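Read off the chains here:
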Amino acid sequence: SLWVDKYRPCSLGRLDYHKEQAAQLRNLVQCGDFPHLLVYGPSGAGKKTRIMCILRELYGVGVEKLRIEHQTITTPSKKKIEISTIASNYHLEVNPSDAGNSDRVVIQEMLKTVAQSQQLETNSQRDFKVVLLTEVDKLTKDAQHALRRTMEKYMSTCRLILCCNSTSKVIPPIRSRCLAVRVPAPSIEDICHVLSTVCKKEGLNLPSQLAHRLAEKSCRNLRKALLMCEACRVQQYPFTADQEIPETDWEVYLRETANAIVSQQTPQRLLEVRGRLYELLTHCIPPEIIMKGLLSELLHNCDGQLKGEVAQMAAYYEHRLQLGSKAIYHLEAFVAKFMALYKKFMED
Amino acid sequence: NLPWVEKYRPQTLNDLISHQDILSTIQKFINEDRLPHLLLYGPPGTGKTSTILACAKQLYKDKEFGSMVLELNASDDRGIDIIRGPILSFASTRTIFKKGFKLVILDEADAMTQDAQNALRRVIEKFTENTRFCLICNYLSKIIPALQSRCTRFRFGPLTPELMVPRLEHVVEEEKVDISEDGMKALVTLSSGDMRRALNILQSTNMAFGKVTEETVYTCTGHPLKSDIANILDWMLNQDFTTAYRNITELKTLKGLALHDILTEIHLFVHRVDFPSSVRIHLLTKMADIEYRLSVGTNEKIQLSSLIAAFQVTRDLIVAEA
Amino acid sequence: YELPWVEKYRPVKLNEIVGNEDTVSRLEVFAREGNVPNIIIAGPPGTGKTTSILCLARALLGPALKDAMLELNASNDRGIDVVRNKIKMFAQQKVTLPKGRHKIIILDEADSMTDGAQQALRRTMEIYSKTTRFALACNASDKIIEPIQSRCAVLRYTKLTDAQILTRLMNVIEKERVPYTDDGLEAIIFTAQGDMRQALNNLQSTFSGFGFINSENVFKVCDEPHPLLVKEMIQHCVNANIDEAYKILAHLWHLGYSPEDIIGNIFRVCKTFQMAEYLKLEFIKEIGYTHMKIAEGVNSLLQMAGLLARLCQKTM
Amino acid sequence: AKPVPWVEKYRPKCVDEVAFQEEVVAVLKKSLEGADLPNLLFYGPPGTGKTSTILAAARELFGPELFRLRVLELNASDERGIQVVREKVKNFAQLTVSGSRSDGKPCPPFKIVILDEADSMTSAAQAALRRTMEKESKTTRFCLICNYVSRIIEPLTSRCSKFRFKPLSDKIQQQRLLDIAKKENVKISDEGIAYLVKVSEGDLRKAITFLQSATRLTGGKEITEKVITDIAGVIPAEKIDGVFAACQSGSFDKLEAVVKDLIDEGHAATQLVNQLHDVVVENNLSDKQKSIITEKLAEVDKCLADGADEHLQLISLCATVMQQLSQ
Amino acid sequence: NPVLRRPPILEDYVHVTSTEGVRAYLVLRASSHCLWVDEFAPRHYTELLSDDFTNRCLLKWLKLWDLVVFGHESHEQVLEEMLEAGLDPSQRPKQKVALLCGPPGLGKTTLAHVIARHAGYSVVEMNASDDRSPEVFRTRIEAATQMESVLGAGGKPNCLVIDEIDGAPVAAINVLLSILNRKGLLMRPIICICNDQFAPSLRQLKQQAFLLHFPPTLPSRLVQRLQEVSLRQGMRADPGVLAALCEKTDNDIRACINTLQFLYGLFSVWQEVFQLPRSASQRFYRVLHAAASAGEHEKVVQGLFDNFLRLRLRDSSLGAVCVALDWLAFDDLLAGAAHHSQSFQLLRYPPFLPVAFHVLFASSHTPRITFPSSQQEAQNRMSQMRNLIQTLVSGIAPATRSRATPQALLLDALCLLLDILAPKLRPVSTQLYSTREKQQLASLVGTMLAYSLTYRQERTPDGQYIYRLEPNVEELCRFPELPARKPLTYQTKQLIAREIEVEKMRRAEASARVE
Ligand SMILES: Nc1ncnc2c1ncn2[C@@H]1O[C@H](COP(=O)(O)OP(=O)(O)OP(O)(O)=S)[C@@H](O)[C@H]1O
Ligand SMILES: Nc1ncnc2c1ncn2[C@@H]1O[C@H](COP(=O)(O)OP(=O)(O)OP(O)(O)=S)[C@@H](O)[C@H]1O
Ligand SMILES: Nc1ncnc2c1ncn2[C@@H]1O[C@H](COP(=O)(O)OP(=O)(O)OP(O)(O)=S)[C@@H](O)[C@H]1O
Ligand SMILES: Nc1ncnc2c1ncn2[C@@H]1O[C@H](COP(=O)(O)OP(=O)(O)O)[C@@H](O)[C@H]1O
Ligand SMILES: [Mg+2]
Ligand SMILES: [Mg+2]
Ligand SMILES: [Mg+2]
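Listed in order, the protein sequences are those of chains X, E, V, C and W. The letter at position 142 of the first sequence is residue 142 when you use the working numbering, and the numbering goes up by one with no holes. The letter at position 237 of the second sequence is residue 237 when you use the working numbering, and the numbering goes up by one with no holes. The letter at position 220 of the third sequence is residue 220 when you use the working numbering, and the numbering goes up by one with no holes. The letter at position 65 of the fourth sequence is residue 65 when you use the working numbering, and the numbering goes up by one with no holes. The letter at position 428 of the fifth sequence is residue 428 when you use the working numbering, and the numbering goes up by one with no holes.
Check the hints yourself; a few may be wrong.
As the list claims (entries may be wrong) - List time: in silico SDA-like cross-link candidates among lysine to any residue, alpha-carbon distance up to 25 Å:
id : chain 1 : residue 1 : chain 2 : residue 2
1  : V       : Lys-86    : E       : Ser-89
2  : E       : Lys-252   : C       : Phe-20
3  : W       : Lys-94    : W       : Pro-104
4  : C       : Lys-30    : E       : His-223
5  : V       : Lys-143   : W       : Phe-371
6  : C       : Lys-29    : E       : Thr-219
Hints were generated in silico from the structure; no laboratory data involved.
Between the sequences and the hints, there should be enough to build the whole structure, so can you do that?
Right, here's the structure in full:
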């Protein structure tokens with residue numbers, strides 16, 4: 001069993017970072033009229049830790065007894081779509097963004113179905129029940145309009161906890177009626193604290209300097225930090241400060257992509273780097289993640305008078321990739337513009 | 001009683017004005033029996049339904065109007081079902097009374113899918129000597145080019161103020177309202193050549209403020225006056241960023257104006273200003289960027305300060321050019 | 001009760017069609033021979049796909065046309081039961097036909113049919129091909145599946161070159177003795193744009209509307225933006241002049257033109273304008289971007305002003 | 001009883017309870033004697049009480065006997081479907097009763113339908129609403145409630161009477177929130193109340209919901225600035241001073257540090273655009289610098305409205321405020 | 001000069017100030033009876049036109065199905081090994097149903113018909129979406145199979161050949177799966193044909209079905225078969241137009257035979273774009289009319305994206321590549337917005353995308369224009385990667401699927417997991433292992449039991465065995481151009497696999513004991 005999820009907290013008092021938000025949420029769920037929640041922050045900050053912790057504090061013992069159900073829905077076109085559901089006897093958890101263009105269909109039908117379902121022995125447990133919408137940000141406009149309709153009509157019997165990142169694409173009038181809970185990414189010292197705790201439980205003597213290296217290469221992402229710690233334990237048990245940390249294959253692939261860019265400024269190297277971009281894109285990783293990795297591994301090389309225009313073109317081609325439908329044209333346009341600007345930079 | 005728009009629908013080819021060529025060609029078509037299928041396209045509220053209904057009531061009596069004219073629009077469900085329903089069933093059959101061609105009047109015809117347009121254009125080809133269609137639409141560009149290759153297209157165009165005043169004067173004569181000299185000018189400017197908005201805003205400020213002046217209709221409609229836009233552009237080209245931003249946000253909060261109307265009136269004011277050509281190119285580029293920028297749902301104050309920002313760059317440029 | 005010119009001057013034989021000369025000649029070779037393969041005819045509207053398929057079916061069958069030819073169209077219902085029943089038991093039927101002549105199912109506007117309709121189509125046209133042959137007509141091949149274009153022979157009809165449109169137009173005009181001006185007839189070409197039925201209807205319409213066929217009459221009964229005004233607009237955008245082009249813009253906006261038709265005629269004039277090739281590419285890209293601004297729902301005069309500003313700044 | 005939120009609980013109820021909106025009372029008071037009115041559209045920030053004003057107004061025009069029979073109230077964001085626009089309004093106008101009451105008072109013979117929050121509808125739904133207003137212009141009158149003008153389309157606003165609803169502008173909300181705090185036994189100082197007014201631009205309902213949320217988190221503790229800054233979606237001011245200190249002079253390493261230190265905190269980039277815009281338009285920067293920074297803030301808010309990545313765009317926005325601040 | 005600091009004489013004016021305040025004002029004033037695709041249908045196995053491996057594989061599958069209905073007793077070696085991967089005790093193959101797929105017009109139906117006629121089966125056909133209700137599909141699915149023959153002393157049996165189930169409604173594939181998974185028993189082989197392999201209705205079928213993905217036909221046998229057809233029909237033997245024609249249609253037999261039957265494009269447009277012919281407005285109008293008459297723009301743009309950088313470009317500013325990329329992205333934006341706004345006015349611009357390339361890449365040098373499009377292969381690889389990651393996240397139990405996103409699992413929690421699952425272990429026996437290795441094996445077997453993955457043996461084509469992952473997760477984590485890490489040994493992998501199976505019966509026994 002991995003220690004990333006084995007030593008996960010259960011109660012709100014055994015949290016390692018953001019104690020004040022933990023106390024605020026504990027006193028919020030201590031009284032009645034628990035409102036609609038919109039939890040947000042960066043990836044790996046620990047939103048879902050707060051969410052199952054809130055579910056632990058809201059209910060009794062049976063909060064981690066989860067199972068997968070499969071529910072079929074019908075589009076206006078005659079086609080059956082099977083959707084997945086992570087559910088318990090006290091709550092619901094749905095990812096509704098897996099259905100791309102039929103997100104309004106599932107957002108109407110599935111929560112109409114669970115709203116029309118009656119809580120058996122409702123006097124014993126609590127007043128209402130909670131529904132998690134795990135990936136909610138990339139839902140489209142009228143899907144989120146049906147979502148706020150669902151929030152309005154079953155306000156007495158079904159409150160929702162929407163979890164996402166980058167709420168700019170989340171519509172305004174769902175943010176008005178939802179209590180906004182913001183979970184920041186843990187700092188370098190809090191990541192070092194929880195790494196030292198997860199090593200002290202498992203009989204380990206991690207030096208502080210290697211914990212700083214793990215925190216600074218995890219880029220404020222605790223799950224990735226604990227996975228690096230696990231992989232470092234697998235690689236070598238005697239821990240030295242000068243330790244080779246096993247970085248993930250797509251980051252070092254982006255590093256090789258970036259040094260293939262800065263090596264040559266010719267169309268043949270552009271063909272090679274377009275092949276590398278295709279190999280990166282075929283693994284179903286998001287192109288904004290590729291863009292961010294390219295800019296992070298690109299700013300370690302370029303001169304100080306050229307970082308600003310490079311960053312502006314990075315934002316420009318990420319935005320036009322979001323407006324478009326095929327990623328490789330905008331990505332290789334960004335790479336071609338960077339090569340043209342760099343060869344103008346060293347040519348003069 | 002009713003609103004003035006429904007009380008004065010021109011019932012006679014005499015009452016309507018400023019559409020005399022459409023009048024002459026359609027009466028020339030209908031007297032010699034050479035009327036083709038019609039496609040009437042233009043802005044809203046320039047009288048598309050009124051002329052075809054008066055023409056259909058000119059052809060037929062009231063006692064035979066029910067079997068020679070079928071009226072549909074988009075209030076009903078429209079698509080592939082009702083083209084294979086009432087439309088061709090009316091079109092393929094004869095007349096219950098006497099003899100002659102029939103009429104289908106389809107209001108707001110640009111709201112159907114292109115499959116429905118293909119079904120309807122084949123229906124138009126199949127039955128022509130016994131059915132004469134009439135499709136009223138707002139935009140021509142929502143209609144497939146073969147359908148425009150069937151039915152002759154008539155453009156109504158704008159309602160010019162010099163033949164928009166006397167109908168408003170006639171409804172003023174019939175229904176007594178307190179209206180000053182600026183009332184006709186504000187009616188023919190504010191309604192944007194749409195006479196359905198003219199008789200709706202006339203009833204709105206008659207019921208609301210009683211008297212009809214420039215100030216009453218501009219405060220009821222919420223439009224900014226020319227003095228307001230002159231003050232806004234004077235603050236943008238005169239004061240610094242804090243003072244101009246504070247002045248315009250105070251004026252916009254007090255008067256309840258909207259940034260889209262401010263942008264439109266400012267654009268219609270820029271070409272009055274004798275800007276240098278590069279500065280006007282800068283202004284039109286940035287203002288078109290802002291008007292696309294409001295269309296997605298951005299925060300209005302930030303685009304307001306963006307307009308102030310572009311005008312601050314311009315005032316530095318004109319002084320640097322002077 | 002005279003018939004319109006679209007149906008009166010329809011061709012009755014396969015050599016009167018001026019659309020695609022090699023395809024028409026091969027269709028006549030198949031009409032005189034008999035073993036016509038499964039064909040699909042694609043192209044823009046008005047090229048004459050329907051009259052080519054109808055003339056091929058007539059010259060094949062002759063007196064047995066009323067029983068050996070099934071014309072299914074867009075105005076008829078084309079559900080799953082229709083391709084299950086009507087097309088199937090037409091393809092299963094027997095007709096006493098000659099040695100080379102074959103049954104014909106004219107499937108006009110096949111791009112508008114649903115996916116299950118084509119799913120029930122495919123087996124039928126593969127199996128019953130010893131007796132019945134499918135002659136599909138369509139506008140865009142993208143809405144039809146690739147297997148149907150595989151089992152058919154695809155016949156791309158081009159947009160008509162203006163010379164053959166002129167030859168047919170002198171044929172119709174000499175058949176009617178309608179007076180004309182030359183530049184008015186070129187205006188009828190400009191209003192056609194590869195749509196020959198549109199050219200015939202606009203000529204028809206225009207003569208019935210106003211005697212002499214002159215640029216003024218056809219441009220009055222059509223009321224598109226004038227080519228001279230939009231061409232002078234693009235010329236004023238070439239030499240970096242926002243103001244002189246904006247008087248033309250205000251002229252076309254106070255005339256009541258919708259922005260969609262303004263930007264469509266702007267692109268259509270910019271297609272054939274005599275300017276630099278890379279400059280034409282940049283102009284077409286900016287006109288396309290403003291056309292997406294229009295199509296997304298921003299139809300102001302300021303979008304036209306920003307289009308003019310972007311065309312002005314792209315010429316230094 | 002159920003815990004009622006204090007927005008609809010504390011809304012006005014009668015015609016004269018509207019807190020100085022006597023023009024909206026007077027136009028109708030004229031319409032009582034005139035017995036005729038066109039379509040209506042009330043636009044204004046929420047919590048003002050347009051819906052309660054038109055409910056009491058229709059109660060004055062019909063009476064409690066005819067209120068449940070002649071007034072149909074629908075929420076447009078609850079009825080965004082094109083079917084329920086084109087079926088329920090048709091069924092309401094088709095079922096007609098006479099305009100005569102048992103009390104003997106005269107009554108105008110047209111129906112009343114209300115569509116609340118109609119600005120959230122799309123273009124096609126609003127076009128279908130325009131069609132429903134077009135075909136039912138004889139037997140059923142239309143009134144709409146919205147918060148913004150241009151979200152309602154131009155054909156929908158060309159056939160109605162537009163009424164601006166002004167809220168409690170200044171110096172009334174602070175003591176009102178103090179009465180709510182003393183009624184529910186809530187301890188909150190003057191600066192917290194002033195910050196509650198300041199975080200919402202003219203919005204009462206936002207202030208009541210933020211006070212409800214802060215009292216729910218504290219549960220009886222002091223409402224400090226940190227809790228209100230957390231709930232109202234405010235970046236703390238020291239983060240903006242750190243951003244301006246990093247972007248004033250130095251290298252791109254400190255910007256990347258503060259941008260990656262602003263995304264990590266969980267802050268929305270639109271909130272940075274709003275607050276950074278607020279601190280640029282009020283500071284003592286040059287006009288060219290203020291202009292370039294604010295134009296880029298508008299462009300960044302545009303692309304965040306289009307769904308672009310916040311990280312790269314805050315990097316580019318901080319890069320151009322660095323290139324404007326260092327020079 | 002448009003600006004005067006002096007106040008206008010008698011017209012209106014607007015003030016302009018600066019940061020200094022100069023205050024300048026602005027002025028406000030049966031040879032001929034059947035087709036050539038029908039007369040040239042191969043009636044025997046000798047004259048088939050497909051890959052010989054595919055025909056042999058399907059012939060061996062229908063030759064091994066003969067046990068229960070007659071009573072008679074690289075990717076290629078993977079397919080051959082699952083062909084001979086044992087038999088079910090009720091004498092059925094482990095691969096009950098075939099799922100041949102591919103592009104149109106290769107001969108899947110012809111191959112299936114002649115193989116069914118070769119293996120002693122009376123052919124019977126099916127179109128799936130022809131009859132799209134569950135009930136008629138159910139009636140035909142238990143009528144075509146599950147039955148004997150009425151003729152004489154047995155006669156010959158029938159095997160069901162379902163065509164066009166790629167577009168079948170999901171209830172029909174559900175009925176077929178429920179009739180396949182019954183354990184009154186399915187006895188006749190079912191031969192399904194699907195055009196799109198990655199259809200969402202077909203995803204549950206492949207996991208059980210036999211798969212024979214059709215490779216494209218080699219052009220040399222295409223050319224000589226078309227030459228045989230031309231010499232039999234009396235057509236002139238011109239192999240250049242046959243090779244070009246077959247290159248244009250992506251090696252589709254229906255298209256070339258129908259075109260040569262009609263006779264008594266892509267490469268021309270590509271050659272006009274990428275090489276000037278041996279005024280500039282004249283070739284501009286010529287390539288514009290060629291791009292307008294090309295019609296199909298999706299494959300043209302897809303091939304232009306896979307060829308515009310392979311030219312011998314001497315650009316010293318890479319400006320042309322940037323402009324071509326902006327043009328391609330503009331076409332992408334415009335196609336997406338024309339899909340969103342449903343406007344046909346925008347559909348006249350993508351003909352200007354290849355034309356622009358002719359202004360940018362009019363290379364005089366003879367261009368190496370490559371017909372296969374790597375964008376299609378990249379889309380297919382991305383799609384099969386997507387099916388693999390949904391299969392993986394379906395593999396997880398709800399306990400962990402809950403803790404993390406599949407996006408976060410793919411980006412941040414899978415390669416490090418593999419690196420955890422690939423430790424350094426000596427190749428010794430489990431009893432000779434120490435205590436620390438024993439609890440490390442306990443941690444590894446707990447991680448595999450929670451993630452539901454195992455190691456399965458397979459035959460390397462050299463004759464020996466090797467052990468692989470059960471969902472083969474390394475192809476979505478590792479990358480080809482990386483420094484390769486040392487994999488686990490054979491002995492460690494097999495001892496871990498026996499520990500996996502031992503823990504599986506262990507947890508089964510404890511779950512039986514608790515209940
Ligand atoms: N030329 C005109 N002369 C007099 N009154 C006119 C004229 N044009 C419009 N009107 C008035 O405008 C009212 C509305 O006219 P309609 O024909 O219904 O508008 P429309 O042209 O159909 O546009 P729609 O229906 O919104 S697409 C009529 O009842 C007339 O009173
Ligand atoms: N090549 C041609 N030569 C002569 N007349 C033609 C030609 N093409 C079209 N026409 C005329 O235009 C009329 C309409 O032609 P159709 O064949 O119906 O057009 P189409 O090819 O079917 O395109 P659609 O159906 O509108 S998409 C015919 O009746 C002819 O009078
Ligand atoms: N060896 C061959 N030589 C010549 N023609 C052949 C040969 N084998 C098959 N054909 C013909 O070519 C076609 C074979 O393709 P089909 O199997 O019918 O279509 P398909 O390959 O299944 O692809 P789709 O998706 O059904 S269009 C048939 O028309 C056969 O008559
Ligand atoms: N106090 C803590 N103790 C141990 N682990 C923690 C703690 N806080 C967060 N984590 C770890 O950080 C990771 C954050 O993942 P998650 O909650 O999914 O955040 P996100 O939803 O943003 O990806 C979790 O896997 C969790 O194990
Ligand atoms: Mg009308
Ligand atoms: Mg046709
Ligand atoms: Mg098939």
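Exercise. Keeping to a limit of 25 Å between CA atoms, is the pair of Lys-252/E and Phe-20/C held or broken?
Worked result: Cα-Cα ~20 Å, so holds.
Problem set entry | Proposed proximity, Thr-219/E with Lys-29/C (alpha carbon, max 25 Å) | Status holds; Cα separation ~19 Å.
Exercise. Hey, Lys-143/V versus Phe-371/W, does the alpha-carbon distance stay inside 25 Å?
Worked result: Holds. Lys-143/V to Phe-371/W sits at ~24 Å (cutoff 25 Å).
Exercise. Regarding the pair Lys-86/V and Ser-89/E, is the alpha-carbon distance no greater than 25 Å?
Worked result: holds, 21 Å
Exercise. Straight-line Cα separation of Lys-94/W and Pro-104/W no greater than 25 Å?
Worked result: violated, 28 Å
Exercise. Keeping to a limit of 25 Å between CA atoms, is the pair of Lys-30/C and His-223/E held or broken?
Worked result: Judged against 25 Å, a Cα distance of about 24 Å means the pair holds.
In this structure, only the earlier hint numbered 3 is contradicted, and the remaining ones agree with it.
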